[PDB]
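Number of protein chains: 2
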Amino acid sequence: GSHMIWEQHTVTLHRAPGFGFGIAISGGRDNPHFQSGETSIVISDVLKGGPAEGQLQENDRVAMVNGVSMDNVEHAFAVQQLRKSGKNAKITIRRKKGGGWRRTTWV
Amino acid sequence: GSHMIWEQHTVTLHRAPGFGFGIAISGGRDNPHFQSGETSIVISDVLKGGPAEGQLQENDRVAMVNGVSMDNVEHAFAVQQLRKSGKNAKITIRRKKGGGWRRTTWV
Numbered sequence: 690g691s692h693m694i695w696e697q698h699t700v701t702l703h704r705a706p707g708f709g710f711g712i713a714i715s716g717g718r719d720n721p722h723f724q725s726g727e728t729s730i731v732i733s734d735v736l737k738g739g740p741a742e743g744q745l746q747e748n749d750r751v752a753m754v755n756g757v758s759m760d761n762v763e764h765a766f767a768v769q770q771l772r773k774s775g776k777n778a779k780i781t782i783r784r785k786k787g788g789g790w791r792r793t794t795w796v
Numbered sequence: 690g691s692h693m694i695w696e697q698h699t700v701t702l703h704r705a706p707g708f709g710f711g712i713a714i715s716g717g718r719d720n721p722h723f724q725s726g727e728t729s730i731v732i733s734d735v736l737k738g739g740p741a742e743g744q745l746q747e748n749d750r751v752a753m754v755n756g757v758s759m760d761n762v763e764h765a766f767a768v769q770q771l772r773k774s775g776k777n778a779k780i781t782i783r784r785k786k787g788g789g790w791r792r793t794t795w796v
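Going down the list, the protein sequences come from chains A and B.
Positions 690 to 796 (the numbering used here) are the ones given, in order, by the first sequence.
Positions 690 to 796 (the numbering used here) are the ones given, in order, by the second sequence.
Hints were generated in silico from the structure; no laboratory data involved.
Among the hints, erroneous ones may be present.
Heads up, the list lumps identical chains together, so a pair's fine if it works in one copy or across two of them.
As the list claims (entries may be wrong) - Keeping only pairs whose Cα atoms sit at most 25 Å apart, straight-line, the calculated SDA-like set for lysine to any residue is: (1) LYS737 <-> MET753; (2) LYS773 <-> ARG791; (3) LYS786 <-> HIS722; (4) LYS773 <-> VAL796.
So here's chain A without its partners, still in its complex pose:
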């Protein structure tokens, strides 16, 4: 295991016909993760071969959309900021790396 770090990535997505931006938005201060209590806006899924393929990943935390902070915002507010975008959505995310435990032993 290793201590957590979060790599920051900024991308610009373009809408595809019938797919939208092709990302699933979860989290929000009024919509915490059931296991952790975490309130961050989160990319919880990514559409296969959609606009976000190879750019965004499951579990990415959304920090900003088109210059608007996602810090401690409600679910609908994040959804509305993305939905109201035109051809492009500029999105900055933090992507977790690391985890596990200091010690693990096979028995």
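Let chain A serve as the given structure and place chain B on it in line with the hints.
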């Protein structure tokens, strides 16, 4: 998503030559999970086609080994309780089900 539940399972494992019980032990009060801070003893991995196959799963929390509680014990104490077992190890675990979020929206 759904609220978490943990299904309790008790199994009796028998050692196989060259594999032991075929489980990886992590967690402990002196060995918390790097992301969650969780101190439970945890089955963090299971050997392919070993004694535990189809019986224990990655992320199972260990509650008891051979009548000895694992509640808030140190990593080495859990390891020693398993290691000192003869042919059989009776193990009770709690297995998480559920998670996610109340709301998820595709954009």
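Results for each hint:
no.	hint	verdict
1	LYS737 <-> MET753	within (23 Å within a copy, 42 Å between copies)
2	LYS773 <-> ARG791	between (44 Å within a copy, 23 Å between copies)
3	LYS786 <-> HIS722	both (19 Å within a copy, 14 Å between copies)
4	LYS773 <-> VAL796	between (54 Å within a copy, 10 Å between copies)
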